[PDB]
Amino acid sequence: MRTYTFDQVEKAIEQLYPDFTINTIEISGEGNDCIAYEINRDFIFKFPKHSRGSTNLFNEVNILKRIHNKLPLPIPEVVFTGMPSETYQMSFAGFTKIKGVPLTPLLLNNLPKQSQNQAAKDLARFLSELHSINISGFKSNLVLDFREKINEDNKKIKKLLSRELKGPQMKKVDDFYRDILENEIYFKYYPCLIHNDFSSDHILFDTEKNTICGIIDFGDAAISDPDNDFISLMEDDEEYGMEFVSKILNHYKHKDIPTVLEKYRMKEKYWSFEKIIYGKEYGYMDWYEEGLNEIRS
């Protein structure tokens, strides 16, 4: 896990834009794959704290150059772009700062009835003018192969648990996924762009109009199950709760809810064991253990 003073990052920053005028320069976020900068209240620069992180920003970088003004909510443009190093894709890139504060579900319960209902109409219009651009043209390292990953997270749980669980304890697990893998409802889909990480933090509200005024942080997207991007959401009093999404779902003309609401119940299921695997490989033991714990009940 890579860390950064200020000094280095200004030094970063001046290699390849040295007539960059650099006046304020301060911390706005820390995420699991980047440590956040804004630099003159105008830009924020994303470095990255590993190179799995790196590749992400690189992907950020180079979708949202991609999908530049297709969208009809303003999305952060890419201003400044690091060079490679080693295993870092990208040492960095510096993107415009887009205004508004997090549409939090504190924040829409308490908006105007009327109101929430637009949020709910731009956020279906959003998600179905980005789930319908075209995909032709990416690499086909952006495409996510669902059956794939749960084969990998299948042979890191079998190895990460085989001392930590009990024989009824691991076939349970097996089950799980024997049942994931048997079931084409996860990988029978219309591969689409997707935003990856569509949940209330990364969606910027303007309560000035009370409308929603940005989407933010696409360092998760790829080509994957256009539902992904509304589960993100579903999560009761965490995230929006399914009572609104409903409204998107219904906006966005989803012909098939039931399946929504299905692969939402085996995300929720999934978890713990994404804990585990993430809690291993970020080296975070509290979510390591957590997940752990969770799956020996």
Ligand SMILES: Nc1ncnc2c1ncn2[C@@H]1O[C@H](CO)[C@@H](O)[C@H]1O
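The term rigid core refers to the maximal set of C-alpha atoms that superpose within 1.5 Å between the two forms. Numbering follows the first chain given and starts at 1. Compared with the form deposited with this ligand bound:
- In this overlay on the rigid core, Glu164 has a C-alpha that sits 2 Å or more away from its partner position between the two forms.
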The other form holds:
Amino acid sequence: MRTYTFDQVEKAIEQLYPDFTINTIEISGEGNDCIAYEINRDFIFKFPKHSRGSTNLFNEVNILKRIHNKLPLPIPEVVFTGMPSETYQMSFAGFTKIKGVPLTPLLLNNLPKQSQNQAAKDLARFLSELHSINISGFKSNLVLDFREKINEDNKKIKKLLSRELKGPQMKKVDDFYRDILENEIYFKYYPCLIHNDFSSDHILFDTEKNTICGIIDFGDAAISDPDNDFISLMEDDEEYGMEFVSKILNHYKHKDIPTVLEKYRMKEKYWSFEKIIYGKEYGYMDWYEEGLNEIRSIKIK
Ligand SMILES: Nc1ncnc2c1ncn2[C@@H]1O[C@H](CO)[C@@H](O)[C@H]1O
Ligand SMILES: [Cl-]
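Having seen the form deposited without this ligand, I'd like the form deposited with this ligand bound now, please.
Then the entire complex follows, led off by the chain already shown.
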């Protein structure tokens, strides 16, 4: 992973946009892929920590352009873009800053009921529109076929762990994957554009009006199961929990809530495997070793 000096950030931007005066530059936050810099309190510029992150940033730029002006909450607008090199598909990008603070579960549960309900309705409406966007222009690098993802994961896990697990432990890994694969419910969805990291840290809130004022972080958006964007809201402490999320599902007119729950339960168990792979694909040994220990020692449905 690479980090950046403030000077490097300013030089990179100067190279392609020499007429843009930078007065203020501060780190705004940081995810798996990118470090974010707030520039002139007007813009957020993302700089990739690594190649994989850069490809995600390239995709985020492409998606945000394709959906500009289509959705009923504000989303970042692409204003500046960097260049490809032998290392990065895109060396940086600058988006409009969306104002607001994350709608944390704490903040949400302290709102008056009327604003909680309005927030659930505004989310459903946003997701209905997002999930309705015409996907036919989106190439295969943006398509995340869940069955292919599960089979490809099964193969990455075997390749990574065949020297790390004993016989019965790998047996339990095969039983687990066989069980998921034989359940049709995970695989029969109508593919749609999904945010795919749809959680409270990415939902921005205006406390003067008590209304959601933006959705951010599209670097994982992909063509996939629309249910992914309800399950990412559901974790009982970390996120909103079921009472709130069923108001979103009801506003969205979801026809099959129990399927949403079943997907959520499966994704809870699936986390150990995600941790191994993420471990290696994003260079986080801590996750790797945590996921390995869980496969080694603990029951998995
Ligand atoms: N366009 C934006 N407007 C407001 N905050 C942003 C924006 N983009 C990124 N951020 C912040 O920097 C982090 C990493 O992208 C985000 O989760 C958020 O904290
Ligand atoms: Cl469209």
